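Only one chain is given next, in structure tokens, and it is the form deposited in one PDB entry.
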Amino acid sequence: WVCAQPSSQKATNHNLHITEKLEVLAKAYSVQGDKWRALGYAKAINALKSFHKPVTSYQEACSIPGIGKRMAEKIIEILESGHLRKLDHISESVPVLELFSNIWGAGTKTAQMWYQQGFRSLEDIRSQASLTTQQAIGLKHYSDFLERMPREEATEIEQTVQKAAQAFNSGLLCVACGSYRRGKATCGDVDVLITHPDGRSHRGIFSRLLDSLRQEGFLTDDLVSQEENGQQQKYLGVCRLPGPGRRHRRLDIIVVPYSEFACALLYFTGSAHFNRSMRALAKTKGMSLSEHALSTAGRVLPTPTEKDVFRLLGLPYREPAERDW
């Protein structure tokens, strides 16, 4: 279980020559839609990174959880010949599929459809493809959404959101989560979690917050924002700080009731692989973990803090920086 171990184990990858090759294959399977095969590769790559020494034999490889016969056969090939033959036999569509699936709002199904229809470049997409509203925004920001920002900029973005929220309710609590909270030097987007310790005033805040942030020109486009019925849980969109030298940045906001704060903080801090491992562990123990609660397979268990979730799952606590799986 990855969630039972510190992610600092990957700080020194004694198997980088193997993992750099498997990562190419994992991405090729992923963009072609074979998500489960790609997941198996992702987990094997993480196991190889965290392993304490270079892998040198077939029996050694199989002893690692996440590495089976077929993955072991690939390891010994790399060790004996320095090359992996399958990398020379990837489907020729893969580079274009990767290009297309990096449009926000397009996944494997859309990329494969565009490829089938004869498109091969973003010029083809721009001029000839049918784009959803979201995908047209993704394309307009194609380069910017592949950039990571310095964490100092993420601080500025969180503070912009926080100042706007607290301007109409000074008791609101705002926390930047994701890779920022895990201590990374750069961040792909800014994840802001908002709650209120009174357990009630979090309701009806999205409408005022978003209009405030629109009034000052901070939000430049919206991707996901269900503002019609008042039950909105998340906002996914695009922002840009004022002044020269600023790029458009992805911004994700969730508003949660205080009773769900610890589970929401755990979820939104990630990493994604950390969450999937913790949720899988919960299932083996007759429980279920979501952004809303830790439950039995059910009864909601009391989790006032992140530490309580770890404890109820029988896991030693990990600080956010040690969840970077």
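So that the term is clear: the rigid core is the largest set of C-alpha atoms that superpose within 1.5 Å between two forms. Residue numbers count along the first chain shown, from 1. What changes on going to the form deposited in another entry:
For the residues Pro242, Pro95, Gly230, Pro197, superposed on the rigid core between the two forms, a C-alpha shift of 2 angstroms or more shows up only at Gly230. Here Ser50 counts as shifted, since its C-alpha moves by at least 2 Å between the two forms after the core is aligned.
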Contents of the next structure:
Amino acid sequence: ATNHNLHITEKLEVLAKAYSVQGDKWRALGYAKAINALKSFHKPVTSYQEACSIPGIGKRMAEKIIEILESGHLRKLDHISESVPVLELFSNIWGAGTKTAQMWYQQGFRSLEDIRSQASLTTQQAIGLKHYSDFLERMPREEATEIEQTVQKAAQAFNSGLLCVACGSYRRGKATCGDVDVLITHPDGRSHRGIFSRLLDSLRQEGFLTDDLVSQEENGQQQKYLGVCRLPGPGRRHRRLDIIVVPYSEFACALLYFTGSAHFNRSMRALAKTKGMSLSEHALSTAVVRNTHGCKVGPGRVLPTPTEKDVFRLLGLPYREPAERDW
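Having displayed the form deposited in one PDB entry, please output the structure of the form deposited in another entry.
Partners and other molecules have been left off, which leaves just the chain.
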């Protein structure tokens, strides 16, 4: 879908990025949703009233949209802190968010070399810094495929019945991916247990995993690994890789969650909410039991969902293919 409001959305993206790097995530979110709507509008926006009519665009956003449209500029841009470029630079380091970026900036740091030479770094941040360039690039989906096949080969050697699927943007069909998230499970509902640890060991022994950001995270019955991998061969770059092992009964909800996108997951959680349910990476459940003070006193009950279609069905929604889940 052609963007008939490019000059507009271009200036709005710069402002949104400013808010995002300085910590105002909620304000940045609002901009991102409004920007999406603009890029996909059938024609160049021509009036404030019309702008206001689009879902996601309120008075404030319409006010800026019309300003750019009629004046060609957005004055709010000329008042952006000069620090934004550096705050984005620092926040591009895996493990370093806005607060850390802010702190380093207040210490006078301005470049990556400054960081490497004078900044205090967590273990995760040091790995993120040393792979700065590799991690900022989006890999061709062809490489993500090789990464997924590598994990799957190691996994299936332990149990040929395991089901492995790369999620994230890869599953949504994008030509390039910022990372690879391999979701692993077993149809018999129990054989996924005792795989996670030895799978990581096997991949580590074979030289595929090069650094661990979080060797193991236990979220209910789900086990997650966050790390760094590199395919064999000269010229290969280091890439971000997550491996998640889950019980079959939660496979559909895990698939949906890790496939995303982050915006799609938000709309689905909100929608589940309007229907007295909650949707997480674990399951689709009925609303939690609350007391006189609207406080969690008892978990809602899990509504079994064998496949993603079941989740949409129970939510009264038409099924949506992964490629259609950017928003």
